[PDB]
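Take a look at this single chain in structure tokens; it is the form deposited in one PDB entry.
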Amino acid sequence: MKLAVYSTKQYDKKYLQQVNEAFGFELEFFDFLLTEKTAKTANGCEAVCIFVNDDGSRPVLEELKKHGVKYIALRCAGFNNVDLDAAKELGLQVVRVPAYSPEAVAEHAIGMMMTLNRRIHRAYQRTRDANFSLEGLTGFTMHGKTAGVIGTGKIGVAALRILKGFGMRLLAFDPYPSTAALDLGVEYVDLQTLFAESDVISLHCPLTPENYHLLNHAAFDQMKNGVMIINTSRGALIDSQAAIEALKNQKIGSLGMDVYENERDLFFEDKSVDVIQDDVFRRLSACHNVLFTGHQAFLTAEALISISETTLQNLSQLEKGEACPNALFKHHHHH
């Protein structure tokens, strides 16, 4: 099989290449986005591998079919960029990565928490220029504080295990509480209680209509002053305009956000005047204890390997006519 990979970053290429020693596919790497115009680059490939910014809408799918492509593989969990209804009509098969390594994501959340707490990002900014001042760097001791985790799927639970290690009092909210968490000594609570008592709050849940703007002004009002908020889940979970105010009023002590590529263009203040973010990313980072990372939560060697393994295996199943458990369909509840 010949595979064309779009939107390739160096890490994608390295891991896909490394993983491919097992599959022996023919790999063609493209830096650029898949679009209706670039689809013709796929001629002679059976499959394409795409990521979050790639265009999988119907006209792109039509071009891919004209050019002989049969399989579309997303090297990511998100799939909203792909028109599944069109894909079915075209007889095109679509596969994904089900979930990122839970340990990799939870660890990233924890990394963000600590970086913010000890002001390590600021410290490096000084020390790289041999400035050793500590003023404004003071953090807080984690042990004996309360951590609140929103969502107790595998990521949340992986977070909860690290948090326990810190010797934190553990609270969680999930509409469906888990046995694994309960076994860890987590206390399930209502949201309001979680808002009220938590020193650190970490979001590990999918975005559903129930939880759009889950953290709103009313939520911020409920929180402790100086609270730390970490979001490696989707942006919409937070009302960003509320979050900004909370920062100004110093309700939020610290904020860390892992910004999905598909979400950055909003994720804003925001005004219908002039000028907006990206300036907002710059301002917050400068004026507050604010940290953005660029959808980095899965960015470890082991996780990337997993993503590559799953993607190549999915493709292998498709070419072989084996039923692939990662197949997507139009009625999928998260489409």
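Residue numbers count along the first chain shown, from 1. Definition used throughout: the rigid core is the maximal C-alpha set that superposes within 1.5 Å between two forms. Compared with the form deposited in another entry:
- Among the candidates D265, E245, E187, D85, the CA atom that moves 2 angstroms or more between these two forms after core superposition belongs to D85 alone.
- Superposition on the rigid core between these two forms places the CA atom of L16 less than 2 Å from its counterpart.
- Positional change of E322 between these two forms stays under 2 Å at the C-alpha, relative to the superposed core.
- Comparing the forms between these two forms, the C-alpha position of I150 differs by less than 2 angstroms, with the core used for superposition.
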Given for the second form:
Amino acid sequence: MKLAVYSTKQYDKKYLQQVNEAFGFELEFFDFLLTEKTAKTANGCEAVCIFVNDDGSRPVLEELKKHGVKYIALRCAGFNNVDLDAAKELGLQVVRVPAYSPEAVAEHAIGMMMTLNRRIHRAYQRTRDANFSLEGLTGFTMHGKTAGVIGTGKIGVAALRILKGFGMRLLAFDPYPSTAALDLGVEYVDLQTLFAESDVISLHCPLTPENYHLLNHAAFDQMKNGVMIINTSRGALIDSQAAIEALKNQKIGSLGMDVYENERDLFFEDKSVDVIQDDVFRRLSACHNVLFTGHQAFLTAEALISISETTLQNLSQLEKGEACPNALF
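Right, and the form deposited in another entry of this protein, after the form deposited in one PDB entry?
Just this one chain is shown here; partners and other molecules are left out.
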């Protein structure tokens, strides 16, 4: 079975090749986006593997079918990229990443927190040139502080586990309180309490129409001066204009954000008939204790191996049968 892989990054290739040892496919790696124009490159491949920015609508799918491709595989969860009606109709079998790694994500959140806290990113900038000055690097001791987690699904609980290790007082907000969280000693509270009492706040929840801009001006008003905020969840959970103001006011002490790729563009705000919006990343990073990562939360070897492992197992079946539920039918 021959698989064409689009939007390939070096990490994608490394892990796919390693996982492929136990499936045996012939792999062809392309660094470029799958588009209507590039679909033809798949010719000769029974299948293609795509990621969040690849184009999966009918026009692309038509080209693929024309070129003999049967199976499409997302190394991925987000599908706003693909036009799913067509595939079934075109006789084209399909999939995504159902399982994902909660620990990788939680750990990333913690890592962002610690880096910000101890200003380790800044320290590195200095010490890489043998500048050992400590001015401006002072952090806070975690132990005995209060941590507020918004959302107690697997990721949120994984985070709480770590925060418990730090010896923090643990608070949480979730509409659906979890035994797993209670067993850790977490106290579930309303948002207002969480905002009021938390030294560190971390978002681990899905975006809903209800929680759009959950962290807004009113919310910031409730928080402690110098509060640390981490968002490895969707960008829309935070009103960016309000966060910017709160940073300027010094209400927010530190802010860490893992930026989703198709939110990067709409990230954001002011511009005067200027200046969309890499400028915001630059300014905040320079002027505040603000740290951005580029949707990096799942970027560990173990997490990547898991994504790969499956991707191959699915195709191997498809190359012959199963439910899948690789398959989205």
